[PDB]
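First, one chain by itself in C-alpha cells, the form deposited without this ligand.
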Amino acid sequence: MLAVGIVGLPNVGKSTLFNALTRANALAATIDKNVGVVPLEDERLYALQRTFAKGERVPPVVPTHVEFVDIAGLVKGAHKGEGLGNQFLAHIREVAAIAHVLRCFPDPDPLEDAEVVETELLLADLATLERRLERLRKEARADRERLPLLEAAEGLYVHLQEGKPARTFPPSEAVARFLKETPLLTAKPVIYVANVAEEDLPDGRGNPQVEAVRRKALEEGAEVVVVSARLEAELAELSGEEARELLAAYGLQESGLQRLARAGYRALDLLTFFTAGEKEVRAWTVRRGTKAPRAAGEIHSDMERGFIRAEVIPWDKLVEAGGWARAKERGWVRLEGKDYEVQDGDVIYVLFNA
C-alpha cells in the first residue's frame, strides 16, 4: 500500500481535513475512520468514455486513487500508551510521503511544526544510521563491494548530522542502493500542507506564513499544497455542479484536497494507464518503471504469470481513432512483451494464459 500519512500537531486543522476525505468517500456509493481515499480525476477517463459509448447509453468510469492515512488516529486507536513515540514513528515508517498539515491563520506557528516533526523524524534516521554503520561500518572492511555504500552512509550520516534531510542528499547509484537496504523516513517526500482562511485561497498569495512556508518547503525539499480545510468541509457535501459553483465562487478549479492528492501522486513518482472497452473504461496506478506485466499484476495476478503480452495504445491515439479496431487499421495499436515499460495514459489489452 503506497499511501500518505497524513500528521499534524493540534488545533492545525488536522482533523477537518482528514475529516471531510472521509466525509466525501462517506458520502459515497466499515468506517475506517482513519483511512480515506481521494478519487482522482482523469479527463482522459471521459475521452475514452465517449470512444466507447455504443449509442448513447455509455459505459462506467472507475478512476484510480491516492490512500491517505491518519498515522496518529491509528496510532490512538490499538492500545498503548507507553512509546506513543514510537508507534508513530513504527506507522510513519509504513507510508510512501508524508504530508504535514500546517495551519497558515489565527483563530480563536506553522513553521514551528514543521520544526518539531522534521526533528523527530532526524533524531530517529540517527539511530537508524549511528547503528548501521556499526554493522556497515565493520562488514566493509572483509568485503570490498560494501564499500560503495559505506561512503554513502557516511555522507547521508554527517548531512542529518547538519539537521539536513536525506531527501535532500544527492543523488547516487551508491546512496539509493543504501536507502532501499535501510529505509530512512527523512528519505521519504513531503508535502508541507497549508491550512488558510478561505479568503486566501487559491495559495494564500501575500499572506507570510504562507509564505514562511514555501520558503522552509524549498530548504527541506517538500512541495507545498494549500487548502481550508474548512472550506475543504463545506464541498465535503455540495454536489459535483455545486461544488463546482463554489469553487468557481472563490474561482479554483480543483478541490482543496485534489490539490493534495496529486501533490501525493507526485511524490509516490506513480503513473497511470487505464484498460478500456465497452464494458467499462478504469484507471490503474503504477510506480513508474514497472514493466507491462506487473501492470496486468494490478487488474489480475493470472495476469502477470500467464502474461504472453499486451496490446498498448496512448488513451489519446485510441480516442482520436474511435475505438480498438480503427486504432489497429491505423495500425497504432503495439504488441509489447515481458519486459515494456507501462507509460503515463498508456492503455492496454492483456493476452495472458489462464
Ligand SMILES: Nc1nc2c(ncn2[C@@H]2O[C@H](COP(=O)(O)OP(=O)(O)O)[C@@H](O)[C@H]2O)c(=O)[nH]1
The other form holds:
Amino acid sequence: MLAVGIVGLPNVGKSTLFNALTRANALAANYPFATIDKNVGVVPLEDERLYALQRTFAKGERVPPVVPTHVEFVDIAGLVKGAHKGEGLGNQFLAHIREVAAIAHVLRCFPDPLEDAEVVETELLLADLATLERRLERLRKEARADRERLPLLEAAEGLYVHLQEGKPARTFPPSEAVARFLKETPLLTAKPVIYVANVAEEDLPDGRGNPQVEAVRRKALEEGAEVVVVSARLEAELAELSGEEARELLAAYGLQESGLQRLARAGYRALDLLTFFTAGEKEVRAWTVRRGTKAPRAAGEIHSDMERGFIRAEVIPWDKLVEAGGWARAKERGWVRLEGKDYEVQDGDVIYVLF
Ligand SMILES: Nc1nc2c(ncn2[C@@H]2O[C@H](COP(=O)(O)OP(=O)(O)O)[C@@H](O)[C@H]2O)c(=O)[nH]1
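Could you output the structure for the form deposited with this ligand bound, given that the previous block was the form deposited without this ligand?
Below is the entire complex, every chain and molecule, led by the chain shown above.
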C-alpha cells in the first residue's frame, strides 16, 4: 500500500490523532479502494498551486473546480511486544506493518518517548534478522548456481552485520547491491520512518525547548527518521471546524499550517512522491506518482489507456504556465515541451497527453 502506517504504544494520543484523520478523510474528493477498511483513510493535500492555475484558466464568470490529491494513512493495529515463544503475540502488528510503505510513530512528549520508539524498533529488528537469516541461506545456494544473485547475498551479509548491532536497514549506506536486495526483500526497518512528537499546543510549532521533543530529534538522527511535531488534541478540535475557520483560528495562535497538513507533507516525502497537474478551463487537478515515474505511467494515472496509447505529452512547469497565462500563450512563448516515454515527471509539471 502506498500509505503511511501510524503506530503507537498505549496512551500517546494516537486515537485522538485518528479522530482528526477520520474527520479529514470525510472531506476527500476521491477515495483509494483500500479506504473501505475502517483503519484506512486519506488526508487531502492542500496546494495553493491549484488555485494559481485555477485563476489562470478562469474566464468570464466561469472558474474551473480544483481537485487536490491526498496522502493515505493506516491505523496500524496490533499488540507490539511479543514473547517470541511461537505463541503468536505481535504477529498481527508485523503483518500490518508489512503492508505500508512508511511508518509514523506517535510518541508522547507532554504530561519516556525514546523507550516507546525502541520497543517498536526492537520488534521490527527481530523480524528482519529472521528474514535475513532465511535469505542468507537461500541466496548462498542460489548464487553458487547463478552469479547474478551474488550481489544480493553480499548486500544481505552487510545488512546482517548492521542489524545485529541493533541498527535499522534504513540507515545502511546505499549501494546498487543493497538496493536490489531491498527491492526483492522489503525489510521492515528499511521503511522510512517519521517520529510524530505529540505535544501540548503551547509547544507548537517545533517543540522548542521541550526536552522530550529534543530527545526525539536526537534519536531520529540515529535512526534515520524525520520528525513532525503536532498536538493531536488540537488537530481533533480543528478538524471539527470548516477549513476557513480553522485556518483563521490557527493564524490567531501564530501557527500557519495544521498538524495534519504537516504530517501529510512529511508522509508525501517519506513515500518519495511528487505532484503533477492537469489544467484547463474545465478542471485543475493534482495527481500523485512516485519519484522516478515516466510520462507514460504518469499518463496512465489520468487514463489507463494513455499509458500504452502514450505517444508523447505536452509538459510545462506550473509556474511557467501561470506566467504565460494559458496553454495557447505558453506555446507562443515556446515554454510548452513535447516529452516522450523516457521523460521522468518532475514535481509541479502540468501535463496534457497526446493520444
Ligand atoms: N493536552 C493534550 N492532551 C492530549 C493530546 N493528545 C492526546 N491527549 C490526551 O492523552 C490521553 C491519551 O490519548 P489517546 O488518544 O486515548 O491515546 P492512545 O492510547 O495512543 O489512543 C487522553 O486523555 C487524550 O485526551 C494533546 O495533544 N494535548
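So that the term is clear: the rigid core is the largest set of C-alpha atoms that superpose within 1.5 Å between two forms. Numbering follows the first chain given and starts at 1.
Note: rigid core superposed between the two forms; among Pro183, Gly221, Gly155, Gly77, the CA shift is 2 Å or more only at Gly77. Relative to the superposed core, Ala24 undergoes a Cα shift of 2 Å or more between the two forms. With a cut-off of 2 Å and the rigid core superposed, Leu129 has a Cα displacement that falls short of the cut-off between the two forms. A movement of the C-alpha atom of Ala140 reaching 2 angstroms or beyond is seen between the two forms when the two forms are aligned on their rigid core.
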